[PDB]
Amino acid sequence: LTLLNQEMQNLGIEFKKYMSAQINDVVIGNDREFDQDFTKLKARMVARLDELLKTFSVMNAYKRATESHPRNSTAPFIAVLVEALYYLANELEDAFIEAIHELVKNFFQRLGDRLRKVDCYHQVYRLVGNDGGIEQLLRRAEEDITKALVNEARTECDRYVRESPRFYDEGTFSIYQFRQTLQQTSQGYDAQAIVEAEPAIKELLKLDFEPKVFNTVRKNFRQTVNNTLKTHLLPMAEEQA
Amino acid sequence: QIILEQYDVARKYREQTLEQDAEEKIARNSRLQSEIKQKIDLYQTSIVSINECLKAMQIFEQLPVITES
Amino acid sequence: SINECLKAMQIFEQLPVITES
Amino acid sequence: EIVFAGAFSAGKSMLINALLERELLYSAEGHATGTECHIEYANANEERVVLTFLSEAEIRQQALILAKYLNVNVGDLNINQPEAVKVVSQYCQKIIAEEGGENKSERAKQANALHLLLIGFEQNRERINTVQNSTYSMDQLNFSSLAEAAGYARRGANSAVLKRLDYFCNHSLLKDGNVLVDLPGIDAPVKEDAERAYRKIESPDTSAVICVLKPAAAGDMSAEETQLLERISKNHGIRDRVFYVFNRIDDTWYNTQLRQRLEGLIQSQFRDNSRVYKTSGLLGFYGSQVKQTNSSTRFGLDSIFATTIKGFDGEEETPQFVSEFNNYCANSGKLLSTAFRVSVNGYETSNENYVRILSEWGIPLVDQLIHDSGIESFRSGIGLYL
Amino acid sequence: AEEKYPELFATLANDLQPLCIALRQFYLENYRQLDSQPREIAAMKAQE
Amino acid sequence: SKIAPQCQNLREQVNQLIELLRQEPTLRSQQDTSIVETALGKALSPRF
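Protein chains in written order, with PDB author numbering: chain E, 484 to 724; chain U, 725 to 793; chain L, 773 to 793; chain D, 50 to 435; chain C, 436 to 483; chain P, 2 to 49.
Chain E with its partners taken away, still in its complex shape:
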């Protein structure tokens, strides 16, 4: 009996070592499977940005503006810029959330699949009749981790709406060009002549939005994921021990 008690202690020590090694390897990037998903995530996000702005149309932004004001059937001729930022940012945010769910889900299932082959998992199951709550704790931790990452993305993508100093670059685009289309040039409230200026504004958005995205994904997003996983798992493992 006393010998058995000693063995119970070792299982906890071994379990923490295995969990720490698995988490630590991901931080160093040695885990090849995790890296493949992360680079895939970055490629999709950048591709979405380029594709989204290249297919941007002024009319769709105008259409969204009218819906935002149910008591009016016209626009001030300037809200298209505002709706573009909200539309551009909100669509970008949705892509982040969708991909993040897949990333976390794939990691946990792979961790669980490989955790059932090591001795530590079945030595305890050999010694006792139950799993010891690993799955219950693992499931609970996975759900909690997903919540934090989603908040991180939304709390970071929302800042993109704020206009950057490059947004007011007169050389690339001047806001007073509407006078040319408005100074006895657009006698009908159709918002059709504005379409001629679509190529210019697309460049302005690219200059403004090309940064704040490469900087985010390539600099900060990687750090958040690594730190979040480590801080949520290690205390859970100690509790399980």
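For the record, the hints were derived by calculation from the structure and aren't laboratory data. A few of these clues could be false.
Here are the simulated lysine-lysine pairs, DSS-like style, with alpha carbons at most 30 Å apart [stated by the list, open to error]:
1) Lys439(C) <-> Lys43(P)
2) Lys763(U) <-> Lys779(L)
3) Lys480(C) <-> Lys736(U)
4) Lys383(D) <-> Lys3(P)
5) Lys749(U) <-> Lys43(P)
6) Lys779(L) <-> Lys249(D)
7) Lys43(P) <-> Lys383(D)
8) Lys749(U) <-> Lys480(C)
9) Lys249(D) <-> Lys283(D)
10) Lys480(C) <-> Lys761(U)
11) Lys439(C) <-> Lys383(D)
12) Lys439(C) <-> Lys779(U)
13) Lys383(D) <-> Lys761(U)
14) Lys480(C) <-> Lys3(P)
15) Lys761(U) <-> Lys327(D)
Since the structure of chain E is already known, use the hints to place chains U, L, D, C and P on it.
For chains U, L, D, C and P alone, kept in the frame of chain E given last:
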């Protein structure tokens, strides 16, 4: 490690008193639990009369308490 | 006797001596 | 050990008298300066008391401080000379006439305080020792009973010269070995006294701490009170043995603005509401004494309030208890949900209504008043805790 | 006699709800809190 | 006018709840019965 190996000894050592502590503690919870049960009964009777009094003229009802479970 | 006296109210026991062998 | 703390003239003396249902202490305004009293259980046949006095140096320092505040030309004033005392007495009487009364202004009260202190010294010149605090018992000073000592002590002249009192009475509250302690106000002019209070409060020997807070009436926390709360809140070693108490809540029974501010403050700062109590010691103390009277003495007017009821012009003055009682029955609204239907007549004097109301309903109204006072709950709460 | 008089009771009930609402909530929280604790000695002893 | 038997004891019934609120040490922070006091006074012995 050695100190933790003698967990059984401590259990036998204090088994002579754990019965008394548990017996006293459960009594404490039961006594307090019944106390509020008495208090809510007084509250329920009072408001019921208040609602009945206003029932004759006005329809503005109050909040009763029942089936706490 | 000290332990018995405190047994009525408090559970803080003392250290006895037995089976020195 | 039970400790009561609060600002000077905060009703602490009045509050202590309320709990024991006796007037063993005196709650005269502007007179309870540095008076510490201890009460312990004793057998009915073993009741006694001890007294202590101040020294000449402290009296001169207090006289210098009082003169310093009053700006009186005290050129090493030798209070031993009746001539100088009379000259200062005429000055104090002159100031009373100028101010219209001792209680009219704070400066007037301090002039009266020194007036009574110097007179108090003059009436007890023999019992004062130069350095050591003279100590005597009931037999040593020829006092025959605690009532005689209480009446002797209640006098402003004697009270101002008594440093400490050690009462020994028979009461159920004190039977289990409970000690009641009164400390000088932290806001007193003497910094040494304030340090003593903090040392006593911070002393682990103390079993419980009682805090009397004026903001219930003032509506805001004073600098000294803010300092006191910061010490208590920042002190983790005593935070688990604190019972906050608010006195003179009756002021808010007819003031909406003050009540609203107080309610917001309580809900904002004191989240530990399990040890927060509300009471009005002034009403409770007098109500308890009135229970000892009856219609024969006009419910205490001929026996208890015979001194207060006596007016200077001969017209029966309304005691503060009576004036608040009439207001309590009229605007407070506590009786507004009771079986009583008391009505106030504007053509009758306060005393006439006071006699009429009691003659109509009687003791049962008093019991409700004491029940609404909250003193009974406070005593039960501390007794259960200890 | 028919409009202002009944309104007095109507406002009284509206002014009573804010405090009756709190008393019910406080009691239920404490009552349900105790029910969480076990009752049998065997379960209680194992917890220790 | 409408002095019904139910209204006869309404005076004491309200007092019962007030005591319960005062008894609870923690709930005295929310104590705001003063508003109810004034309303009840106008309900009985009406004054227009």
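Structure-based check of each hint:
1. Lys439(C) <-> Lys43(P): 12 Å, holds
2. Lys763(U) <-> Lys779(L): The given pair, whose Cα atoms are some 34 Å apart, is violated under the 30 Å limit.
3. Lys480(C) <-> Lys736(U): Given that 30 Å is the threshold and the Cα spacing comes to 13 Å, the pair holds.
4. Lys383(D) <-> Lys3(P): Holds - the C-alpha atoms of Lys3(P) and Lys383(D) are around 24 Å apart, at most 30 Å.
5. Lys749(U) <-> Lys43(P): 50 Å, violated
6. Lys779(L) <-> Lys249(D): 34 Å, violated
7. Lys43(P) <-> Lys383(D): 14 Å, holds
8. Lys749(U) <-> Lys480(C): 11 Å, holds
9. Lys249(D) <-> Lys283(D): Distance of about 17 Å is within 30 Å: holds.
10. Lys480(C) <-> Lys761(U): Satisfied, since the Cα-Cα distance of roughly 26 Å is no more than 30 Å.
11. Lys439(C) <-> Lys383(D): Given pair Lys439(C), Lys383(D) holds - Cα atoms ~25 Å apart, limit 30 Å.
12. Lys439(C) <-> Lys779(U): 18 Å, holds
13. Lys383(D) <-> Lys761(U): 28 Å, holds
14. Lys480(C) <-> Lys3(P): Violated, at roughly 61 Å.
15. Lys761(U) <-> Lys327(D): 26 Å, holds
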